[PDB]
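K.L.:
So you can see what is in the structure, the chains are spelled out below.
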Amino acid sequence: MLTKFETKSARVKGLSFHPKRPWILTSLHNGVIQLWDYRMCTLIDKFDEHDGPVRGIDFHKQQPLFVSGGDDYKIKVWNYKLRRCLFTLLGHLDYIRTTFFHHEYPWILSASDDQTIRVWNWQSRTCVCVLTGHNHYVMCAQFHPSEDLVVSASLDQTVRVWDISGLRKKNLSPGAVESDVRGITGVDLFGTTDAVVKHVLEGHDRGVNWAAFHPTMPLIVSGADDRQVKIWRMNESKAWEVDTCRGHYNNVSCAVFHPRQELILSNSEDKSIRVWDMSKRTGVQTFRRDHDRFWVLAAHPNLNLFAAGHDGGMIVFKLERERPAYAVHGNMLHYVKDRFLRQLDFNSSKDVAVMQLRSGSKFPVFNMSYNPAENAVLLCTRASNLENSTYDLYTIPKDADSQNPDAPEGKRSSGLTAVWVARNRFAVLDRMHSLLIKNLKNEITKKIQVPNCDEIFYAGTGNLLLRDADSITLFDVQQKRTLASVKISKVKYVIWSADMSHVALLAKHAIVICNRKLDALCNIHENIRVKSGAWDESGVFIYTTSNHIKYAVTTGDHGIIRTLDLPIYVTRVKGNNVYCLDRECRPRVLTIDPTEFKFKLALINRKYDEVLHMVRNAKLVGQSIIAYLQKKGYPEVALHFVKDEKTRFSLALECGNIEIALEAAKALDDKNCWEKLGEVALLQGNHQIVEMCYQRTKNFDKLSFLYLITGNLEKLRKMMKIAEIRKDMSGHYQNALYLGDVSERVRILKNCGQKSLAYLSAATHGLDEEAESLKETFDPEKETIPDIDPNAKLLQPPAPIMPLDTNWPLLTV
Amino acid sequence: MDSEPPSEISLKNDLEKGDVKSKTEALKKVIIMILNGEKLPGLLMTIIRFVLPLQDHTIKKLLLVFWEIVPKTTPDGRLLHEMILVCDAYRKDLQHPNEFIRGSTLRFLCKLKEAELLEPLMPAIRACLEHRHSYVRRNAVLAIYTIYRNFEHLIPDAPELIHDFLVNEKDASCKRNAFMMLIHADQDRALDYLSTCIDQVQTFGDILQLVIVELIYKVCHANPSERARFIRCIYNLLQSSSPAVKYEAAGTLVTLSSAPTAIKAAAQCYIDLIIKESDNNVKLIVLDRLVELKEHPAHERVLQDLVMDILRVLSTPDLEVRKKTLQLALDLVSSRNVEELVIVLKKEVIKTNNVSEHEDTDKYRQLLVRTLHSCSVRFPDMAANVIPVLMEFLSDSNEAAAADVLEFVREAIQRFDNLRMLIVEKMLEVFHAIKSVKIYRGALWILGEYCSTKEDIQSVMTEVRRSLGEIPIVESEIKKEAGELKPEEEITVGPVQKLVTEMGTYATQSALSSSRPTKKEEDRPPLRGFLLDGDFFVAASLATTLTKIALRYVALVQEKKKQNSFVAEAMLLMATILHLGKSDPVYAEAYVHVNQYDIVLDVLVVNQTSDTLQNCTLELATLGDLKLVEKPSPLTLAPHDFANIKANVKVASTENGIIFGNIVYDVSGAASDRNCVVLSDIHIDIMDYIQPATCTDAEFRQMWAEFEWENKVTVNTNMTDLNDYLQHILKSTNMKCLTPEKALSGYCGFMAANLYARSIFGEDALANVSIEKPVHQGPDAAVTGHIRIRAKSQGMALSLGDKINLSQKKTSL
Amino acid sequence: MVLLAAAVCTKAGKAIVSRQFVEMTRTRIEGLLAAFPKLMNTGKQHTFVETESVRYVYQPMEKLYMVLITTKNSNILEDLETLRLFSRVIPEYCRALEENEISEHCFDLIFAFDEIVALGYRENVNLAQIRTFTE
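Protein chains in written order, with the authors' numbering: chain C, 1 to 813; chain G, 16 to 598, 739 to 968; chain H, 1 to 135.
For reference, chain C alone in the conformation it holds in the complex:
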């Protein structure tokens, strides 16, 4: 037993399990009612609906509501989504012990401690029916999964089976016209206290406090004020079917059947919760949890967990399996047993499930294993780890125990374990708790064989006969020898391709998919360890790593195919579909699409024309179509998507033709881009394009520098003026030098107020007159000879080239 949930609330008189969802309601003696998401751990609601004890609690899930009944003497209906009181109704004139909801119309049943249980119709003004019989308290009313009948447990020493659509109960003799009820000695003795009798049941244990059913059985068990539990047939009122379970020490508050085990779980107002044998009907074992007394019990009609309410609070407790072994063939999931019986196949986003016949497991699973050709299933039965049990083989597409006993298919024989192994019809078995090999002599092997033995490892489960004592050991087909042992880190699972020759093992990042023995074919790219993923024999690997099913790869493409609304494990890939089942084991299926897959299959084979159609909004994203296609240094993909002003910018430098850059740079509304593309421009060779860019980034001085280098003199002058005003002394200043005469500087420098510098520059060119002007306007003294000349010839022949390097030739490829 595992404790899923345990919240101390104080004395819970009523407890009920939601049939739709894995929720619990508790009604407390403190007058508070609480609705719990016991799996999620999130309080849904909490209401103080009455000062004193609220003894009865129910789900009213026909429309999303819960119903409570309290000692206010009322049955009240409550919203769990809007937290408001939907409707209020007069159940009775005393304590509402248990309440039950009709699924016919919004009718509500309340069982009370004033000896009647009544059903009331809100939708109309009518109280449709009152069901009477008790002479002392109806402690409990309980639904079967059909809505026609209810059972009530009362402390007048009976259990009364009622009809809710009926006036009290509904029955009529076909052998007589007279009423079924007799107040006289007939073939049984009872009073006149009913309209008619469909079924008056024993409840004698000095009154039964509660009654409840197994979800798939008409049988009911009742706990009563004494110290016994008595199991009843409510479908016949037999007294040759009723066995008494003895173990408890004081008044048993309830007893209900465990849906998922072959035991009956009871709880009593002593201090113990006792567990009972349901093939022997006496106490297997007693547990004390020391929360003292238990006044309520509950068994899940959604066959999830199990719960019992105590005087400290309640516990929902777990007797279920986690991470089961499974394999998918074409449309059949085969898995190892979990709650809610056998399920699987169909759906794709819903948490509903539905049945198909593909049970790999139909008996206690010692082993469940697929054939490597996927044609048989081996199920090993009668448990044990001694040296013998039974093993039953089933056919894989549709599974029975035996298909026919008169046909080779579906046979059984002895063997502690038998598990299939490669050569694709073979199996290896343990029948002495050694490794023995199994043949039948042609077809998938069903018959027990004793030759060949080993002295290492110990029988268990597998798919290649896994055995453990310190590692997971693969065993051979026809040899006693260990084929190989694997040791690695796991996430509690073993993943098969679908063929059970091969195995996938989980590692520190993702999963690795491997062949028979331990040989690693490839590694799935993905940062974290996947929960499960399976390969369609190889190639197309589909996996779950969250709430979505995505392909690790198909033909070098990468895609997330679709998301489901639940966390899940891939069951495996056999066919185009991928099939999944989770811990609770609800299915999702998903067709492998030609969405993400076609697009990149096409882009890889350099098709852009194909790819435009392929572009859809089921796969567009942001960077797999509209900006992933700007990721070629010799643009190809890049040419195709260029819609973003940034992608356009990028495209241009990758070609080296910046004509497009300037425009993208423009449409990026930014200077930085113009200077950087201008530099790239100078690199392709041509300075016209550089000028334009550099002019608008305002790098007139860079231009001034560039310009004799380029051999322009006309353009070089334009730069000088528009750098004059900036007082860029390594911009405006340059150009005068660069033309044969220096006069440009002389004026700019005059405006700077740098009269000295202006004179020196001018004077040397033999423009002593201008040099003198500067001296005269400002401080004179021009006579001085610095570490540089102040009057020696400056003349330079400017640019001998007739065509300039703004006109640098180009062809462009």
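One should not assume that every hint holds.
To be verified - The calculated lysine-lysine pairs, modelled on DSS-like cross-linking and capped at a C-alpha distance of 30 Å, are:
#, chain 1, residue 1, chain 2, residue 2
1, C, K487, G, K867
2, C, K487, G, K782
3, G, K801, C, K631
4, G, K782, C, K350
5, C, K350, G, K801
No wet-lab data here; the hints were simulated from the structure.
Using the hints, position chains G and H against chain C.
P.N.:
Chains G and H only, in chain C's frame:
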């Protein structure tokens, strides 16, 4: 009603009731719920109906209140019009004989930048054109400016209405009370008028004139406002070497550190700075002005030095002030730090002079000897001062008191070769009363090195050699030491040769000499006897023996760089060390895209189903430290809809109460039980939530000490250095590689990174990545690195441990 | 605006009454006042303390903070002076600071806030001036 968001039904009732008090209270209750930010439009017709025309100020004032904080939003009782229920009968309010209602009305009306009230606010200046108070005229200049701000930057607001429309600002200057709402964008004539007003000021008003127009030619002209600007203006006209002597800055400055010692400590700093600007060597840092309080005339009465003595501190004022003060003595006067540190140290270090400077705790005493002594090592002049003071330290003549003294002085002799010959005779004296290691160690070293100088040695050593105390470390120090210097230059009943005999016995041999040594078995395991035993080639003589070693100093020994030094005065250093200096089916497909630096989670939402999913809404959630920067906003997910919807993503937020998993993404649709479904887009980790932070070597070291990091793993793909994979990955688990903890050479040179983070997890995170990259013939495991990790309870330690391996995700839809 | 809000706080973790001169700091007002004034505005018993890049000026009165907040500033004397005048006006309305009595005279205090500081510019008020309005 402090904050009660559902109470709007009661407020409507309370708002009209025939009792004026109730109405006022109601309207008041509305105000307080809106201000907090809660529900308010239901009420509007009720609110508006009583109050509208009236001159009765309180309700009017209340309604006037509610029109500046929500008028636009509320529309039941107002709707949209030019003369709304905010102002239609508030033209009456503006034109009442009572100044208060008019004034109030004017004030809110003009305050709004509302365009549905633009016309009614314009002649609203009428209400305050007549100025019954200073408040009325100020209210007017602020309201005209607020009108100007509200779309009337042209002729609707600029001239006069009858006295103000943007002209109160002019009028105020010459009127009895000033206030200029004219700070920006307003009449030039008023700006000019404010200047005139500087003279004819009104003090509150002067702060308003002054924010607009500052700098005076004068000293002042009066009032705090002018005065406050004035110190700014003064700092301009003399920037040079701080303010030096703080101006009118002094008044605010004290409050800036009201907690309480820190003000004095700061004040002391400024006063020291101010005294003089010295040489400004190592801890001689006094700036400000060279002469302004001088230093050191011999005719100055009662001198500068009296204030200088405060700064020399033992703690003479309290600890915060102490740390500042010791640095400050050093700073005004020394040679560097050395001079004034020796004086200061002489006072602090242990003596027989004062017993208020000696203590029997050995480390502090020792440290104080080392601090005094480091000054000599720094600077020569100090050697001469230190040795006689050291002998006074010894004179205490407790076992331990001698001991500490002997230990440093012996180091000083290693530096200071045959210069401290004189000390030896003093040093022997207290060596006889003995209960500790330290005394034996040190004494044996002085007496040993110094042998030529003295001749006493059999007698001194021998009382101790046959005396007891604690003797582990004694062995090591005596072993290298006892023979040294001059081969036969002693004799009392054991010459220098007896000493070499002794020296050898004490090291690890055996010999009758000095009435046998105390112990022979050496100190910590590596040291042993043997090196020295081999040694003494030439019997205790300066050559290439113990003497050589003794009269030489290991490596460089200079300054206060901590090479035979300790770095200032021992008490001040503790504080400096402390200073760390830390700086409903649904289908999803998804990829993350970045265009023009916009980071977005691309999602495509797919309805593969024929069924209805209308009611479709899309939301991205805030989980914890993950947040939506804008959810996907399309109403998509309809019958056979493919859509691309973009959800923008952030990584940095504050924890929300909903789940803390990967990324939650929510699509809504038709269904009433699961109207909202959670389905996933691709991976985001728990690691995001960590917040990056950094450490320095001191913070790293402190944290190393603070909490354990023994935990290590070796991570593959740490083959590479710190910079490459390891930094990038460490970054993603919000970590950063900072400072080293390595020790590289030709045999050493693992790369070491000191990591830090301060996780939003109630822990920090730290680690050291050691990269085992071979720098030896026997590497650990070759290339790979072992990361030694922690976090504050090592719950994030583990994150560091595995997120430094690999990490990559991609898709290509 | 220079003055974002003028606010009376309880260090219960909420802005008890507060004034938004023009629609900007609605809900924003409560979060700032609730976190920062609890720590004494993060002060040390200093009238100016600045936290999360907002200048907080304050005075403690009981479990309550009278708070002025700015994130810009025109002059030193001025910020204190509006707070100060506010502190003459607040006991006339509420008899010191105390959350329940502050709560009851939301209207009184709020009106004073609009009057005292208009569009973030610190006007002046006085207890007699306040009277004309609430008359």
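K.L.:
Now, for every hint given, state plainly whether the structure supports it.
P.N.:
Against the structure, the hints:
A hinted pair counts as satisfied when its Cα atoms are at most 30 Å apart, and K487(C) with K867(G) qualifies at roughly 22 Å. Taking the CA atoms of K487(C) and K782(G), the gap is near 41 Å; set against the 30 Å cutoff, the hint is violated. As the CA atoms of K801(G) and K631(C) are separated by approximately 22 Å, the hinted pair is consistent with the 30 Å bound. Proposed proximity of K782(G) and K350(C) is supported: the alpha carbons are some 28 Å apart, at most 30 Å.
For the suggested pair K350(C) and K801(G), the alpha carbons sit about 25 Å apart, so the restraint of at most 30 Å is met.
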